[PDB]
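What follows is a structure written as structure tokens; I'll ask about it next.
Only one protein chain is missing; all other protein chains are in place.
Note that the chains are named A, B and C in the order they appear, and that numbering of residues resets to 1 at the start of each chain.
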């Protein structure tokens, strides 16, 4: 009868704010996490608020298209930032090349880590506008696929399971790199928590085929 | 070393081609499934072909943005059509209102089946341009969420698990309804295989939280 | 003080409804012009209504993003359909290859009419999803440019002056060609009112450089 939608919370950074120095600044982490990521969480919740109010009869009409777009963009922002932080680890700890199933999967689907790294780097550097590059697991095939995302919710589609994501909205790098997205993406390699990615990939491998 | 990407296949319709009459014509099913859906499968595979050729060194350069966009749009087309067919059942068998966990989940998150039906119908009817309305499971919250999708890969974002989808590209209805998307979406309710949706929702409920 | 925004009208078809047979059906013209084009006009006006009501204080708040998107999509729909109809002429009268400044301009910028026709046809056939191909005049350079448009208001940008446009939303062709957009675009060549295009191009040539 009465709808109470579960709202979104800003997850804590998985490390302290200078953990990614000198590749990503504490300052970038503060803006990026506590302001931009927070904004997407809040934007997602604000859609949910409109929906709820409509469904519980406090709002008479709702612009379902606008609320959908709002929800989806901001939820995309939330989930992708959440992934993004998880995918990184202190400059010491993360980085280097993946081992385990993920490393093997990358070799299988891109030939080598270096060929993957190159194509993935280029996918990130060549997001037109702002967005993301994502290494995803395709449940249909079991193949890894590189995706781009523009904004948080254009170009990307469903069912693909993102394992690793790099944000190339300018705010991810502008404080530290200004316009030099390329030099950001290049260095971001050294922050990758490949265990995190591995663990996600293991989970992905064991998700039931939902559609096909 | 040598990449061999797993290509996509056009799944068989889950019923004969006049199974959805008089709501959706055999003719629509023939065009929609065997031509449009096929085209997305083929378009997805053609991206994979470019990627492979690039990665195995037959193509020197690849436009990673273009191949990404191509892959994602067409894969979206494939997966969403695949869902779409599965979500329907002969005019006899499917339709009516959901029971089981899904029916309860709809009541919980939209108040009633009728409030959901109204909002979902409006989400479909008010896709701007062409796209989809999707009833999805949000693994983060356990909430159902209504999404829109424009094309197969705009507005939508990742992580959300689509349970039920209605295509509102014009080709889904134009043969049978011409411009009257609304009358199509209204009738499409009578084709819903709610067991299919239930089964997907059960699977969704038991997918490990991938991100958050 | 009191805002009264000028609303949009559906312009009359520039020929009777069977004027484009057998390439485009009267039936297609009826749906396409009197329903789809009308819908964009109405959608554009409905945005204007929200804006006005907001600005004159009848609506307290407005979702400026949503109204902007609404206005722009539908205005795009209106203006592009308006162009589209004007660009065609009875199967007898229109068609063939352009002479005058436009024909020369096409030769200059694409090498030959056949090279232009091929690339323009391919641009139309390869709109991903629905949209338009447009032959535009670039005031900055004086060059013709081929554009795509997705929906009526994605991919395209401002300042470019559209001269000739072909709609490849499915509704432009589905009644007559079903999924065979290609065969539609191929035949649409025979409807082009090249004088209309010429006249527009003359006007374009004599528009003051607005920006650059």
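In this text, contacts are C-beta pairs under 8 Å (C-beta built on N, C-alpha and C of every residue); 3 or more make two chains touch, one makes a residue touch a chain.
Although one chain is omitted from the display, it touches the following shown chains in the full assembly: A, B, C. Contact with the chain not shown here comes from a single listed residue; of C:83, C:172 or C:192, that residue is C:83. Listed by residue number, the positions of chain C touching the unshown chain are 1-3, 5-8, 11, 51, 54-56, 62, 64-65, 68-69, 71-73, 75-76, 78-80, 82-83, 86, 107-112, 115, 119, 122-123, 126-128, 134, 136, 138, 140-143, 145-149, 152-162, 200, 203-204, 206-208, 210-212. Chain B residues in contact with the hidden partner, per the touch definition given at the top, are 63, 65-66, 69. Mapped onto chain A, contacts with the missing chain fall at residues 31, 35-36, 39, 69-70, 73, 128-130, 150-152, 154, 169-171, 174-175, 178-179.
As a working rule, only the chains that are shown with their structure count from here on.
Chain A and chain C have centres, each the mean of its CA atoms, that are 37 Å apart. Computed from the mean C-alpha positions, the centre of chain B lies at a distance of 30 Å from the centre of chain C. Inter-chain centre distance (chain A to chain B, centres taken as mean C-alpha positions): 23 Å. Shared contact sites, meaning residues of chain B that touch two or more other chains, fall at 69, 73, 128, 152, 154.
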